[PDB]
Structures are given as structure tokens and as C-alpha cells.
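Only one chain comes next, encoded as C-alpha cells, the form deposited without the named molecule.
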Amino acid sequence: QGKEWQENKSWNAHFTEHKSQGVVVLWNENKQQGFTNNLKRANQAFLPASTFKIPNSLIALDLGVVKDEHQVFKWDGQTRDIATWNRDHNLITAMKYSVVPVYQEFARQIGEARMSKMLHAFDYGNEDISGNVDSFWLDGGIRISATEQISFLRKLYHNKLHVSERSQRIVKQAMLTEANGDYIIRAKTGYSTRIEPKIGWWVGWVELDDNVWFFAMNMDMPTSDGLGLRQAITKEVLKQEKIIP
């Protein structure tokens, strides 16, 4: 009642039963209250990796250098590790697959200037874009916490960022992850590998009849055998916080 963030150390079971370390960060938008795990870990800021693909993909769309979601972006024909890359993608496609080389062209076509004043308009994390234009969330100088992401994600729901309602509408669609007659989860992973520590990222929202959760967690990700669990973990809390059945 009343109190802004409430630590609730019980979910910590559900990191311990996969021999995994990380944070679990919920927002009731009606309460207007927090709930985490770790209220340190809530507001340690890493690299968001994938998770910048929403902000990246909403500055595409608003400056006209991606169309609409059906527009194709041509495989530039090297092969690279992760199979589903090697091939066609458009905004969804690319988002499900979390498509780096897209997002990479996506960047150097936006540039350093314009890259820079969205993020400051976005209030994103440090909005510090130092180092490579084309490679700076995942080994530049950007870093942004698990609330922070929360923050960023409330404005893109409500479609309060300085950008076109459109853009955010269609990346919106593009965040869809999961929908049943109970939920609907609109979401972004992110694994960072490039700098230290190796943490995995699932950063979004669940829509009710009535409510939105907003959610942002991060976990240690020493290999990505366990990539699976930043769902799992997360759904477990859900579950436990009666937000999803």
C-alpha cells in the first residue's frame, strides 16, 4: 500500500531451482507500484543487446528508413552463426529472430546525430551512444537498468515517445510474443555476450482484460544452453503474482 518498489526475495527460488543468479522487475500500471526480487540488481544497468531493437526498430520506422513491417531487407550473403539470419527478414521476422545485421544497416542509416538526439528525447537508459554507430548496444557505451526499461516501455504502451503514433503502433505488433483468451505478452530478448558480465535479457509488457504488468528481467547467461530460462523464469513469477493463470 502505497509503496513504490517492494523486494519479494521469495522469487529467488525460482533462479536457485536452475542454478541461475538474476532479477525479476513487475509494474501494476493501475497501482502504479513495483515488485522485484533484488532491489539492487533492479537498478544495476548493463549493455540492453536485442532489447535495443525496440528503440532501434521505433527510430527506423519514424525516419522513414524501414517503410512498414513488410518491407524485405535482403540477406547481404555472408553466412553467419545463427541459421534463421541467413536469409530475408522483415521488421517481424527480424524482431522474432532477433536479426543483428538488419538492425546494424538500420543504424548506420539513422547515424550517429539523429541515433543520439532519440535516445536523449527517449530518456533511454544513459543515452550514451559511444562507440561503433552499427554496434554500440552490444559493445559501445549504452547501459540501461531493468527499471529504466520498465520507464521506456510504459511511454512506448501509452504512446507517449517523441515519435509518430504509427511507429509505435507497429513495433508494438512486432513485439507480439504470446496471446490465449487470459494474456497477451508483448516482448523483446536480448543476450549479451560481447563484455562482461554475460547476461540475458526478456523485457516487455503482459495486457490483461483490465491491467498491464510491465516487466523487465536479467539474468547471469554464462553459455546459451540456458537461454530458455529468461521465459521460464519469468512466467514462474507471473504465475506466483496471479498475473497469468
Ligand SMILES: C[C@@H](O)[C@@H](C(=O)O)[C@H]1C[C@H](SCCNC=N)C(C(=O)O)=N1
Contents of the next structure:
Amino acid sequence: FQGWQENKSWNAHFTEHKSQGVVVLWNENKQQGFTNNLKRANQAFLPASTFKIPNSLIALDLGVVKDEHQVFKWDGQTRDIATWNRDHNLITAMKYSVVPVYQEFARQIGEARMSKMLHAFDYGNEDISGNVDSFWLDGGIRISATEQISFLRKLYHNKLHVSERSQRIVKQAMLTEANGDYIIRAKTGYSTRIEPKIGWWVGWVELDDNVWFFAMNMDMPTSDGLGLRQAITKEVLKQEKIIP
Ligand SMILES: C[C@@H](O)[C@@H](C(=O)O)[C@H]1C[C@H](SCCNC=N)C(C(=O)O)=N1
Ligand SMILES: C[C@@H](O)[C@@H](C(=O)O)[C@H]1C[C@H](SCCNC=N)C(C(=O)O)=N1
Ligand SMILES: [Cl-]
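In place of the form deposited without the named molecule, the structure of the form solved in complex with the named molecule is requested.
Below, the chain from earlier opens the complete complex, with every other chain and molecule after it.
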């Protein structure tokens, strides 16, 4: 581990949007990491919907989710996010960060197996204190941007302690963007229930000959700025010549 190079010039991308945050990048081929803020890079927050990555893996490996086509019917309760008020499969539940679908996963996984799996994953502080169906939103689990990278690297290489199939399905469900230059597999998150409210974007960029892992979070006082998670990350990615 060569350490983490700090590149403060990326702060310009946050300041441009009156925002504060961190982007962490990991060059897989060179085993080199870069961040604008070495301190915040290692600060552990609630994972919020980025927890849908480990939650999906566990649900799949325990057969709570059979495959990416299985339909989880809307419970008929109207919630404030319109896309949640419909039937979902794993693909669309990830895409739209459909919390109630994953809360039901968590309840079926159960506290004991959830704890053991997060320890097996070496995920964050491995603490699931709180409600079994909400701890990643308002309980004890905390993970930093650099810890997200470590976890994502295991998933990329199929090294997590679940089946290869489970890891392949989750990486399929993380698909976010692709073109002839790059593929982004990622997961957003918006931690709102405990201060400070922060937005997440974690994942990686696949190139022909390299993979660049990333994890960012940023202060997010309102949902108004949620698009800045991807916008700021892409500005860093383009400055670093990762995407055109
Ligand atoms: C061809 C078969 O062997 C193959 C299949 O699905 O048909 C099995 C082999 C491993 S088993 C789970 C990981 N092993 C852990 N010790 C695997 C998987 O990890 O998805 N599937
Ligand atoms: C509030 C939490 O449930 C939060 C999370 O679990 O991380 C939800 C809300 C937004 S998706 C809809 C956008 N929300 C407000 N505009 C979000 C995400 O950005 O991933 N997941
Ligand atoms: Cl894919």
C-alpha cells in the first residue's frame, strides 16, 4: 500500500457548487489511491442506500432474492418517492433505491446472519446496532469512502464470502452508465436521518485495460443537490483523464 496521494485541486469542483465533500479514486492496475481530502476520505458515515450493495449480496446468497427478475410487489403504502410506489425487481429496486424492498430483505435475512455477513465482508465498522430493517439509515453501521473502495474491490474480483453468482448479479444490478469508452457500476445514497445529511456515490469505472474504483460523499442539506454527486465525480474523473 503506497498510501493515498492528496490532490487538493479537486476541491475546486466542490467549491464551484457551494459544496463540501470528498472523492476517493483507486487505480487498480497501479494500486494507487488519490483523494482531495485525506481526512474526510477516512471519515465513516451511515452508508444509506450504498448499503444496498452488501444487502443485495446477502439476500441473494441466502435465497431471500431468487434472481434479478423476481418481483417484489408494492405493499400498497404510498411513500414520498413516487418510484417506490410500484412493483420492483432487484434491478429497478437498486436503480431507484427502493428502501422498503430492502427493509423486507433485511427482516428476512435477520440480525444474526446480517451481522455475520458484514463481518465476513469486513464492511465498515461491522456494527448493525439499531433496527434490523433500518440500521444502515439510522443505526450504528459506519463506513468511510476508503472502506467502500476496499469492499468494492473485493466485489469486483468476486472475493467476497458469497457465491460468484451472487456477486455477478449484484454487479449487473449496479450497472449505471455505459458507452464505447467506459462502464460505470455504482450505487447512490442519501443519508438523511442523522446529521450531517450527506450524499454518496460509490462504484467503479471499467476501461479496456484498467478499473478505477471511486467513492465520494458530500454534504447534502437538501435533495436539490443530489445530481452533484455524479456531476462532481465526473469532473474528477475527467480531470484525471479516466473518462473523456
Ligand atoms: C459449476 C458449479 O460448480 C457452479 C454452478 O453454479 O453450477 C458453482 C460453483 C461455485 S459454489 C459457491 C462458492 N464456493 C464457495 N466455497 C459457484 C458460485 O460461486 O456461484 N457455482
Ligand atoms: C432517504 C433515503 O431512503 C435514501 C437512501 O436510502 O440512501 C434514498 C433516497 C434517494 S432516491 C430519491 C431521491 N430522494 C429525494 N429526492 C436515495 C439515493 O440517492 O440513493 N436513496
Ligand atoms: Cl452488465
